[PDB]
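Taking the hints into account, I'd like the entire structure generated from these sequences.
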Amino acid sequence: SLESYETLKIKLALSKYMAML
Amino acid sequence: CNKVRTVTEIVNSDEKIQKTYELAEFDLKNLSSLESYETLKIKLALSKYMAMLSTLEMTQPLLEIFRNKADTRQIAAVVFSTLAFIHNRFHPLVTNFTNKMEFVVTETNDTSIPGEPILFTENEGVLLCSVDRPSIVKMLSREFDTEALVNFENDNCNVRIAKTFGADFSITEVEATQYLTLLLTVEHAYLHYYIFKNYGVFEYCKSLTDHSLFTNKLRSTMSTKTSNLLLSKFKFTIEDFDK
Amino acid sequence: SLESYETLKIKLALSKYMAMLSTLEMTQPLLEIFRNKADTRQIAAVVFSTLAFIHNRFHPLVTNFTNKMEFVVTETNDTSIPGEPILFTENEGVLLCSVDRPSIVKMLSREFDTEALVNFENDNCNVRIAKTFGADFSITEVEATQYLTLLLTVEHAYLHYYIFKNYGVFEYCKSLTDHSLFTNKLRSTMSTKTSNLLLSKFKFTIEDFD
Amino acid sequence: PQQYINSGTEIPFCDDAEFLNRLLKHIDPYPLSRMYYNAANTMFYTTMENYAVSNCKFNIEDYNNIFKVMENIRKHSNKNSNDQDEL
Amino acid sequence: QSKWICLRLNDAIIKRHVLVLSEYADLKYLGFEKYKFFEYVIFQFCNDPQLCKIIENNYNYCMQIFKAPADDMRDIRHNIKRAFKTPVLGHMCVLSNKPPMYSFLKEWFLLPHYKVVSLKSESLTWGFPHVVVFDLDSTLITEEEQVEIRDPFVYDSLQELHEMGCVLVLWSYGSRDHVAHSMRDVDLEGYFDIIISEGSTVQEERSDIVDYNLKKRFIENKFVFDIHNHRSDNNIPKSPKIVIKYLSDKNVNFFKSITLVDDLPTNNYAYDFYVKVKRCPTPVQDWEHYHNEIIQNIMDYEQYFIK
Numbered sequence: 038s039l040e041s042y043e044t045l046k047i048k049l050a051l052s053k054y055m056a057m058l
Numbered sequence: 006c007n008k009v010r011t012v013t014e015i016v017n018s019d020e021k022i023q024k025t026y027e028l029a030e031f032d033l034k035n036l037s038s039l040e041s042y043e044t045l046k047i048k049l050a051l052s053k054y055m056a057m058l059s060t061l062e063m064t065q066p067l068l069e070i071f072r073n074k075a076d077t078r079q080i081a082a083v084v085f086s087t088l089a090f091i092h093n094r095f096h097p098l099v100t101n102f103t104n105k106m107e108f109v110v111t112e113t114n115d116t117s118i119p120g121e122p123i124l125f126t127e128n129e130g131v132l133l134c135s136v137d138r139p140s141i142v143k144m145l146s147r148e149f150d151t152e153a154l155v156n157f158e159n160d161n162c163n164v165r166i167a168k169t170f171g172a198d199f200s201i202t203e204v205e206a207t208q209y210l211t212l213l214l215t216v217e218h219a220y221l222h223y224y225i226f227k228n229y230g231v232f233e234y235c236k237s238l239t240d241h242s243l244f245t246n247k248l249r250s251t252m253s254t255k256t257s258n259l260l261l262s263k264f265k266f267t268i269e270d271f272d273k
Numbered sequence: 038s039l040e041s042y043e044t045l046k047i048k049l050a051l052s053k054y055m056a057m058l059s060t061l062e063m064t065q066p067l068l069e070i071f072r073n074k075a076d077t078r079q080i081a082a083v084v085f086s087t088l089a090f091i092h093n094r095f096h097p098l099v100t101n102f103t104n105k106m107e108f109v110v111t112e113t114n115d116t117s118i119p120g121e122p123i124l125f126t127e128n129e130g131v132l133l134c135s136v137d138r139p140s141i142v143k144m145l146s147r148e149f150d151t152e153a154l155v156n157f158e159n160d161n162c163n164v165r166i167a168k169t170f171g172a198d199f200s201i202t203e204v205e206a207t208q209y210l211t212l213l214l215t216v217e218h219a220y221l222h223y224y225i226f227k228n229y230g231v232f233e234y235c236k237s238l239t240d241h242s243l244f245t246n247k248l249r250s251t252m253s254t255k256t257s258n259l260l261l262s263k264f265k266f267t268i269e270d271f272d
Numbered sequence: 259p260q261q262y263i264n265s266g267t268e269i270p271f272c273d274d275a276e277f278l279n280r281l282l283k284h285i286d287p288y289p290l291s292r293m294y295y296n297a298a299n300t301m302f303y304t305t306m307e308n309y310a311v312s313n314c315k316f317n318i319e320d321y322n323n324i325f326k327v328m329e330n331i332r333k334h335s336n337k338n339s340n341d342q343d344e345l
Numbered sequence: 006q007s008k009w010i011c012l013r014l015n016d017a018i019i020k021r022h023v024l025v026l027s028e029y030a031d032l033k034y035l036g037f038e039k040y041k042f043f044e045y046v047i048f049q050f051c052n053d054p055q056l057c058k059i060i061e062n063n064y065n066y067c068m069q070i071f072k073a074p075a076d077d078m079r080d081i082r083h084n085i086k087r088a089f090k091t092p093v094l095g096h097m098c099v100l101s102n103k104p105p106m107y108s109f110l111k112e113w114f115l116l117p118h119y120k121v122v123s124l125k126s127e128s129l130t131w132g133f134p135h136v137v138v139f140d141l142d143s144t145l146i147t148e149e150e151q152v153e154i155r156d157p158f159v160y161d162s163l164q165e166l167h168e169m170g171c172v173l174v175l176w177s178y179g180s181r182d183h184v185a186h187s188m189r190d191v192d193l194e195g196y197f198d199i200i201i202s203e204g205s206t207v208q209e210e211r212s213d222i223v224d225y226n227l228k229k230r231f232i233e234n235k236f237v238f239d240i241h242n243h244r245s246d247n248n249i250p251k252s253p254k255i256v257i258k259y260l261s262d263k264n265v266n267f268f269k270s271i272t273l274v275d276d277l278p279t280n281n282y283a284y285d286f287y288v289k290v291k292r293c294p295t296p297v298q299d300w301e302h303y304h305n306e307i308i309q310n311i312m313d314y315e316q317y318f319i320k
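Line by line, the protein sequences are chains J, h, e, f and k.
Using the authors' numbering, you'd call the opening residue of the first sequence number 38 and step up by one each time.
FYI, in the authors' numbering the residues of the second sequence are 6 to 172, 198 to 273.
FYI, in the authors' numbering the residues of the third sequence are 38 to 172, 198 to 272.
Using the authors' numbering, you'd call the opening residue of the fourth sequence number 259 and step up by one each time.
FYI, in the authors' numbering the residues of the fifth sequence are 6 to 213, 222 to 320.
Hint data in this document are derived by calculation from the structure and do not stem from the laboratory.
BS3-like mimics (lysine-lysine), calculated; alpha carbons at most 27 Å apart, straight line: (1) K48(e) - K326(f); (2) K8(h) - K265(e); (3) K53(J) - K33(k); (4) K143(e) - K34(h); (5) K24(h) - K263(e); (6) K53(e) - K326(f); (7) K265(e) - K333(f); (8) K103(k) - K48(J); (9) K254(k) - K103(k).
Okay, structure coming up:
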């Protein structure tokens, strides 16, 4: 879905936050 | 009427033959195949649980444990492990939860309670639980049991007659039979415990007056796997109530 | 029937089949071997030889059906499926086919039936009484019927094999979900001898209740 | 898997022609369709049994709708086919 | 006229299909695991050499590079089938993210990608077929009010064509109603696969029940063909779009080649082969050369390239 890659981008920003701390 | 019919036909209408059969007795074989391995599964589960218990330095038979009252340690450990087993069987996934839990033995009648021999105080600041050792010992006083018995069957020619034609700790079985008691008891406790841990206290006004409709809340709650109600016709005489 | 000679041709196909069996070092009545545990190796080898026979008749133009193939017979109900007693598989280049022996044994078991009323050829005095007036090599009807039935089993498998080999695991499983690819299809390139195959010769259906 | 001895790529024909020809002949009287009936019944019955053994659904429809389904002649003519002009 | 490049997936977990790209970065629309659903993917050749270099560094799939100034559907298919040594190929996928404006490819089937998993597989033939398209108008009929076949040899040849595993598609531009009487006069329902009618005209396809008398099992050959060209001309091409549509409706999903037999060259939009029908108010009985043409056209790929 066009929704799908937006969900993936949100997950990406999520993990990008997570891993560092 | 399910009197299944069947035909063969050669190319060019050279021949046509008919035969017939019935799906009856196929159902019987299916039922047998179901019940057999289902019982097997349940028995296996029981065996696993018992073996797990066996690790726990059983220098003594179970009965001794509760017949004594001086200890609490072994009792607490047994209770805990039972809870763990139930939880896991509902959740095919290892768990360790709120890492602070404790027990108290209701060692006297004056602390006793109707029915439920176990009581979770979900959070008096933290979870605590109650144990009626005196009762548990009553239940395990056992000797209710002897296997030499007879059981309901009907219409055997149709229903059962087909079923006629198919087939150190070296401890005996009666004790294992007894374990099922505490299995069921801890299950029944787990119900309420789970409920309140997922919801409020006040519904205890219902559930603990009468569990009853709580199944309505449990709707959509069960994990699509059953527990320990195989012989679903558990009942007694009712109309005799003469209220 | 004016197809009688073609029925005889079908008999000829069956005769070639059974002759190939007798020639290729068949040891004992095959029901024995199937009831037996060892020699499944030999059974599977004969099975693949039968697959080669099938491919020969189906598509003789090229001699090599297959050079090497892998087999696993099984003795385990819980590793089998209804409808498909034989199943192809592939794993990381390990192409193989698999079978449940007891299923086929039970199939062979049921061939009890024997003569019952049908149309019959002319009996006449001039036929029989003429001969009565004057002018090991033995195989019983059910005996031949057993080999025939076993052969007929393989048609389904071979069709699935061809399909899998030409369309990969995806369509193989797809066809297993829906065998309707079978349904009323002889259309093919000439070399595939499709009309010659026993899907054509004769037909069956359930007489549906309810 | 070990149940295989591959590479035996024989392509047998074993044409004991004259013996085989007569060996056929004593099987002639057997009624083809009447015999085949038995095989068809057994195939169906065994296939049926296993679904009940495994508590399966079944598609009585699909089975007939797929297997031994029946085509029809549409040409008004003939085509050549395999035969042996024996001897 | 452009250079072109193609992906070949390592594992054809789904086979036969191809896709067309406007950007190498379009992959992001596809995301995880969706890539496993396509066997090949064409892209116009990189202008920036760094793109091709990154491609060359990538190991996730095989690839090819070539020139195709011949900006044609069938010629591109020919070139790709040469490159990948394959006789038959699947449909070309498209997304809401609109394709690159290679709109010379306009006239074709376009696959909404998500359907690909939903696609069935079909009984209709045990092997991949060729296909041949025919008309009624001046086509194989004798031109009189009541028509013979140009040869009963052709009549039976139509049947024997099934021996090769090839598909027969008739689309009468001629009027709908009479064709039923025509087939009653000479019935090829036992001889012919697919029937369509009323293709005679292009019509304003823009945003601005049958078989009551005799129980035919035919359909509304619905007018669903685009104006497609928005220009002042006079052409009514046979539509591969509509043809592939009805084919996949009959679950016909893959094919080797398609040929047209018609009286109008104009309607041929780069069909693999064209047979200009000879007009014939009498039985010409010339068919054998038509037969030869068709047979050789089929045989073209027995050398594994059509030439």
